[PDB]
Every structure is written in structure tokens, then in C-alpha cells.
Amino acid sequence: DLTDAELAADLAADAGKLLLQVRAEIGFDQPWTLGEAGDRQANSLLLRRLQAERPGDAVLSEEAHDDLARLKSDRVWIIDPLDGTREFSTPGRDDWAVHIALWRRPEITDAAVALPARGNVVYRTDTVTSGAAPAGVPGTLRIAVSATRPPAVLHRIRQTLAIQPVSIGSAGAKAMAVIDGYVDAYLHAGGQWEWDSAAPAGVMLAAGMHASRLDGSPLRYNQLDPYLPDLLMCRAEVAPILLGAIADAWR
């Protein structure tokens, strides 16, 4: 008998525990095998528990076929059973996450992000707080970006703004680094899926921070095509500066 937020948190933790077990059982000799097992077993747990505890809700999971029944539903769980599979599959890495979000017909109303290797901490929309003090040196930004080849937009905004990119695996880990104050912002372009941003966005917004498309428009979920090209998540104070610079870069 859990609230949707309590369930999101419990699902995230439980999947987190299972992933930690898989990591210990399978080990790191074959990264691909380890990653596949984590993806598959975390997915199986989450679908089993959502069917048992929310039999009426639709589920959109990275690791399951998408039958689009969710388009007619008022309640949809949007989940990534293991975000940062590569990182998970690498010895010593703690930048991987479980994403559990509930979409209600519309916004992400309840959500949780677990970082299992970080003491299985679970960030949740019903307990995350709005006390964020501006961290770091004035006039300079630390921005979390993925461990891939940088988009054209960040190159351009770095001409005008002092920025140190911080390489972090996993969308969830990057978003929670914003929450923690380890970085000022998390910026992504070039493509992503709804389950990558739904739970982090829910938590971000619940913390009183900013989550939008790069052009400032709201993140939209439970779309036919669950692909979201770009995003910006950041401290509230930082949003005008970055949205401004992004818009200025389109000149």
C-alpha cells in the first residue's frame, strides 16, 4: 500500500539491489554479458512488480516492446531499468542509475533515480529539497556532458561563456550531479529517449530546479515517438544564462 512516489522509490532501490547482485555474480570479465544480464534482470523485476502493484498502469521501458497502449492511458511508467549499461559493466564505476518515472495525463508527477553503486542512494520527488546554494567560482560554469563527441552547440556557447565540461556516464548520474551541486548544469543534444530524462526531470523539477528542451520549451512525455533530441537541466539561477547563450548561438 504505497503512494506512487513511495513505489517509484521502492522500485528504484529494489532494481538497484538486484543490479548490485548481478554485478557481483557475473563479474567484469565479459562486459557485454554483464551489461545484458543487468538490463534484462532489472527489466524483469520492474515489470513483474509494476504488473503486481499497479496492474492498471501502462509501462514504457527501454527493455520491452512498446505496444502503444500507453497512448490511451492516463497513467504511464517510463523506466530505464539500467541507465549507463557501459559504466555498470566497467569495474569501479559508480555513474550508472535506475530511472523510474510516473507520467500522468500532463507531467511527470512522481519519480525516483537510484545510483546503486553510491550506497544505493535514491533521489525521489517526495523528499528531494529546494535548498540549492550556488556552488563554485563566480562567472564560470561546470557542465556535465556525456563521455562522447561534443555537439556543435556547446562548442559555440564556450566561445561566449567560461565552461568546464565534466565527463560523467549516464543521464541519471549527470542530472543528480546537478542536484548535488557537483556541476551547475547538464546539457545534452544529438538524441535521447524519454526514459533517459523522465525520472531525472521529475526529480529536477521537484527540487525546484530547471528542466527543459534546449530552446526553453517543456519536456514532453508519452509521445508516439519517445525520442527527445535535446535537454537542459540546471540550477534555477543558471537557466537564463544558458538558455540565453544557446539562443544567442543560433544567430
The other form holds:
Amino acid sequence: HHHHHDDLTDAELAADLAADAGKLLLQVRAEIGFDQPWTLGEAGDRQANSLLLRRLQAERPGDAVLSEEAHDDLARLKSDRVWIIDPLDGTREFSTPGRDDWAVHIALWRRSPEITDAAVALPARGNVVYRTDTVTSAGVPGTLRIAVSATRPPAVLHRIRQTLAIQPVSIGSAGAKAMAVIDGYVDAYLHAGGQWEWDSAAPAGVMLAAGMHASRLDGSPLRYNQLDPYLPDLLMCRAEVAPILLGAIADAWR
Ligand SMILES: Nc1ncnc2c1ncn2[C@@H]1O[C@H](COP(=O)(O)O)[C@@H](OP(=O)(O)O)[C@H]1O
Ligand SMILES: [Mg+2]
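Okay, that is the form deposited without ligand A3P; can I get the form deposited with ligand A3P bound now?
Once more the chain from above appears, this time first in line as the rest of the complex follows.
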């Protein structure tokens, strides 16, 4: 087609990088197999990262990149365009036979909603790719399904469950849990206790593009391209359930 107002829009590129890294991760899984989960996870992280950095340098040579699997030289702090990527989110689950709760996260941050374009691939689920440019956008829910980490679920859940009826759904991957909200498999994804920008940036972009809610647990906006890319808590959910959950979280501090 004509150039937007090989060359892709940033959203198309986000989507194409996510799929391509997804295919490579699927190849790595088939090749290395599961006998040594540490070895499998390492190669997954490293090979996906290599592919992503190669393609970003070739196809967006002027953009900065923040990746979990690369040293951070902080030049991004001066740029107006920064790719925030997780080459493999849910390394643990990827490394486990039969599991499909792992993801590739490709977010574009642009200086000003700072995550303007994003994609989340779930390679083991037919390599589906959720993208900000094609995702589309209720009531009083007496009981809530909330996706939480299968490894390190947040302690604050215990407190809010004293007053809200909640069933926690234990799932790996920030990306997988966020897309479960998009799918309607759960009502919300709640995390506390630690995380990094690459874990949530692409899922946040997609969530917001879908007209859904994405914020810090205290309700304040998720902020990206920070000096310290540590970003330890989030709420992602249907718009309707955000005041209920944000309120319950707030009341947990009373
Ligand atoms: N308390 C914590 N501190 C730091 N990172 C965390 C964390 N809890 C979860 N994460 C990261 O968030 C991602 C999804 O976690 P989970 O599967 O537990 O929900 C994983 O990233 P990676 O797999 O990219 O390393 C995991 O390492
Ligand atoms: Mg990772």
C-alpha cells in the first residue's frame, strides 16, 4: 500500500515483530525441548531478544529500545520514541511442557497515553497477536474473577477479599493475564510486589486501546520510559469494575 500518513505503521510493525518473535520462540521450544527448563528459558529469552533488536535497528534505526534482555544505556531518556519490549514474558511457563500462558510484548512509547502502539503475542495460542490498531471496545458483577500470578500473587488480595466476592485465577505471564481480561475469561488482572516496564507496557497499550482500564493500584496512570523501569503494581480490568476494585484497594489502607 501507500506509505502511511517494506514499510509498516508503528502498530503494524509492533504486530509483525510480536508474531515473528512468537514463531522463533515456538521453534526454540520444539528444538530444545523441556528436559532442561533453565536452558530452554535462557535460549528463548536470548534468541527472541536478538531477533527483536536486529529488526528494530534495521526497520526503526532512529528509535530507542528498552528490552528486558539488553543493557540499558539510558539514551532513551532523551528520545521521543522508545520501543519497550519483553522478548519473552512468562519465561517459566514457556519452559514448562504444555503451557500456553506466555507472551511477547512489543510497545512503542511516544513522548507527550504515552504507549501509542502495541502488540501482545500469545504464540502457543495459534500465535494470536492482539494489537492496538485492531482490538475493538457490563453491569454490577456480584462476583469477580481476578487473574493473578501463579508464582508471586499479591498479598493485598487477601485484604480486599474480606469485602468483595472474588475467585483468583492463577495464570502465568502479565501479557497472558491481560489478554484474559480482553477475552472476558476474567474480569480483572491485579498485581503488586514488583514488575518492570516491559512486563506491562504492551499489555497496557492494548488494554487502553480496547477501551478498558489500566492504572497503578492507587488509580494513578502507568508511567513509562522512567529512569528506573521498575513498575511494581497495576490494575487492568473492564471499565465498570475499576471503581469497585480501586475503591476496595483504597479502603484496604483504612
Ligand atoms: N514480585 C515481582 N518482582 C519482579 N518481577 C515480577 C514479580 N512478579 C512477577 N514478575 C514478572 O512479571 C512477569 C509475569 O509474572 P507472572 O507470570 O508471575 O504473573 C514475569 O516476567 P518475565 O517472565 O518476563 O521474567 C515475572 O518475572
Ligand atoms: Mg521477560
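Numbering follows the first chain given and starts at 1. So that the term is clear: the rigid core is the largest set of C-alpha atoms that superpose within 1.5 Å between two forms. Shifts are known only where both forms have a C-alpha.
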property: Core fit, then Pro151 C-alpha moves 2 Å or more between the two forms; result: yes
